[PDB]
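This document opens with one chain alone, in structure tokens, the form deposited in one PDB entry.
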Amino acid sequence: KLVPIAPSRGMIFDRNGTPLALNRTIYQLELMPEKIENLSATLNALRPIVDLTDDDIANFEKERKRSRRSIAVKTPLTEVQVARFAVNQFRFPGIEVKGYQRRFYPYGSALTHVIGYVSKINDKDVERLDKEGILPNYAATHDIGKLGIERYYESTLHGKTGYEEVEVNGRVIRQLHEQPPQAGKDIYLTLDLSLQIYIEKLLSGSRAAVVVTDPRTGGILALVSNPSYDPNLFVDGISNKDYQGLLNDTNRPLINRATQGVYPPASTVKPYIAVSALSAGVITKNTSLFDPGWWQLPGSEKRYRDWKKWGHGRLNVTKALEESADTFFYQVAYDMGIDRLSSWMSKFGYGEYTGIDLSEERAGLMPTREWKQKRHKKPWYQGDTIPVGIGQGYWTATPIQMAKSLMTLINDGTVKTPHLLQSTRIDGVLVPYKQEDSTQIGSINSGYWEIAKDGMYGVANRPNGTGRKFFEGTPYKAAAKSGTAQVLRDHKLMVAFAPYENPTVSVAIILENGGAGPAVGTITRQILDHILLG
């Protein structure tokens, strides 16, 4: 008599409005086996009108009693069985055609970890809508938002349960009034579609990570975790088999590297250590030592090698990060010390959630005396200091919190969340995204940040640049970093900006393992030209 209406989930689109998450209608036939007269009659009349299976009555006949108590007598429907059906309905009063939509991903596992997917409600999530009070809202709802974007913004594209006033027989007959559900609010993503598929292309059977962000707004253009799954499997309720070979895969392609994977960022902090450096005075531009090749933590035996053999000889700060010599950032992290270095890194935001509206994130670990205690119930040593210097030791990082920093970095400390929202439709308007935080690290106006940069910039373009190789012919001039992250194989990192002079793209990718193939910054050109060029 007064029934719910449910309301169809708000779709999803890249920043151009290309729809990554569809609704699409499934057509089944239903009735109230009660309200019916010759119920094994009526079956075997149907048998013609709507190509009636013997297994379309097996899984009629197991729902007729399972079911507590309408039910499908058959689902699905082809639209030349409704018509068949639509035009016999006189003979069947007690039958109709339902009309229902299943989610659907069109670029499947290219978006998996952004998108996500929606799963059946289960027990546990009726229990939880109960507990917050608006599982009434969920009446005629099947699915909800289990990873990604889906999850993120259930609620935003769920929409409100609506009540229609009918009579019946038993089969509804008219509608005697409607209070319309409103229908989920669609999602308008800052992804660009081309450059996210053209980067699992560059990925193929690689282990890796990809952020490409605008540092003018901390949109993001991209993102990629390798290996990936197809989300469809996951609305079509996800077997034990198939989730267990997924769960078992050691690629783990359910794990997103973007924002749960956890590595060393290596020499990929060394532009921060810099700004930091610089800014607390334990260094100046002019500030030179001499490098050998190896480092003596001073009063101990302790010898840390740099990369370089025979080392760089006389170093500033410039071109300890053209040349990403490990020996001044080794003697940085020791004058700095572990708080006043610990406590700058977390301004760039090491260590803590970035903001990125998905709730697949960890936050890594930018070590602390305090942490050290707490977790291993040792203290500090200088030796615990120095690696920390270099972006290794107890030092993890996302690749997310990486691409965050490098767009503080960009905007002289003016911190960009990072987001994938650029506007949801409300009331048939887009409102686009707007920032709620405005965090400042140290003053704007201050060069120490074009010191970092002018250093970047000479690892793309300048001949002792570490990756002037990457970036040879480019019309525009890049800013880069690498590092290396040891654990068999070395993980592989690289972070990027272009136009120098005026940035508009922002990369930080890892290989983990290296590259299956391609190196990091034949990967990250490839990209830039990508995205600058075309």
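Residue numbers count along the first chain shown, from 1. Note that the rigid core is defined as the largest set of C-alphas that superpose within 1.5 Å between two forms. First, how it differs from the form deposited in another entry.
Once you line up the core between the two forms, the Cα of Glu450 stays within less than 2 Å of where it was. Annotation for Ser239: C-alpha shift under 2 angstroms between the two forms, rigid core superposed.
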Second form
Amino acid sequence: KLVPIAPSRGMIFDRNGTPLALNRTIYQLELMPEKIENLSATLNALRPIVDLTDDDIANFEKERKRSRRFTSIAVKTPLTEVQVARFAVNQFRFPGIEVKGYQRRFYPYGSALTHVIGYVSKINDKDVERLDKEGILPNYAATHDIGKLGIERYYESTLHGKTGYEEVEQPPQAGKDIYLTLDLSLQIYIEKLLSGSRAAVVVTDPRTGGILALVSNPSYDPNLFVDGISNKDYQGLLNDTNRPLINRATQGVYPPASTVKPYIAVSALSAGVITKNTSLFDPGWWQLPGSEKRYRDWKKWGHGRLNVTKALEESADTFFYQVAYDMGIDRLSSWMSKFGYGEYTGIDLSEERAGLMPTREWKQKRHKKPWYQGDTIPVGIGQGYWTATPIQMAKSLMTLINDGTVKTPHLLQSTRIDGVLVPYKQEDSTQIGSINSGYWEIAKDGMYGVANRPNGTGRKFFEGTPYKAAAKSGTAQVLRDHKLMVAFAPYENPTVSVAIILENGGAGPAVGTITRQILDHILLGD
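Having seen the form deposited in one PDB entry, the form deposited in another entry:
Only a single chain is listed, so you will not see partners or other molecules.
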């Protein structure tokens, strides 16, 4: 005959070389109930040999009715080699009962990497038709599991390798091995700090775009989906009010609020709607000209005299209401698109929403209405129809740090192709405005102020800092208000950028506190 050989799945490692997705061999005891008589007696006989439980027989008896009749049914899963050996010596005693060996994926950190690594799951009747259409079902002839989430799904083609055939040999080519940019230790640390909180955190290296940590809380056990997830437990996750199936980092859609002020600053400067010198007096409110409609600042009696730099430090709203009015939605929108708002970040994950960067054209298409001046003003403080993902908020900061030199956030560090490591190569080569505009530095300076200067909104969190951190807080609403912060350190030569958001305030610890702990942990070597 000419039956097929399963190719072993490529491994996934972090920066260090720590295995994150392994191929383990799983043994189980099987039998075709047709070839067995006194089944109940035979099951009783196996109790002492492989430690067969009443739960093992229950799952068996029930799974035999659901399963097509006259077929080998798992008697006990899994078996330890101890239990396998204990049976092997009694093979003679039990004919029509044998030990089958299967290659299964194993995630040895589970909850820690659920959303980033994802999982492989049992190929069901829908997945077989999917693979037929594409015309590579032949290559999955022997493969029981497929990637359905995160890296496992995104990098399936790479991880799967070439199927083998044997006339009874053409050996199979193993899947190529994946080295990620992710730091396993940092990921666990962040998750520790985030315990109790429904939150998202992206840590990136602004020089590469490589993601050092990507955390959505709460998580789930990726293992369940490997062992063909139980419909009962699946609906248990779908009904959890903390929706842990959502990748908040990439699918969490939030008003970016405070955090957009630096990117609007650069945009207003670059359009000449303001300059370093441009000044304005804030009584604590701003009037839409001609109307009586007053938009308030967070400070009731205002920040007084404001330029960009003071307005960033103190997160003044009045300043940016004015900027938004003068810019107008058309080119305020166009500028924020250049920073990636409304757009897919290009991250190597399939689970991603694009949020909304509002537009005239969008409001006519969507709501069949024109754009009112009152719609432009809240966009000024990132609270309009404006929604963004943490990964988008992470990508725009990296673009600011790199002076409009856009870097694609990504988890792939390198692939082992024929024993050699070929590294990730960024396709994107986009440049925003001019590299030496100086406007970038004005914005970054303002963020230096938020952290370090005595009028900064988050000076309290960055006291006693050997390094100089630049940061920018935000507060969004919908139940409580979401708490945002983006930050980057060493200020002189940034080596780490952070995006963090705690849904509805989080679980107590301040986002600024957690950003400090994370920045210390990385730069001080804990």
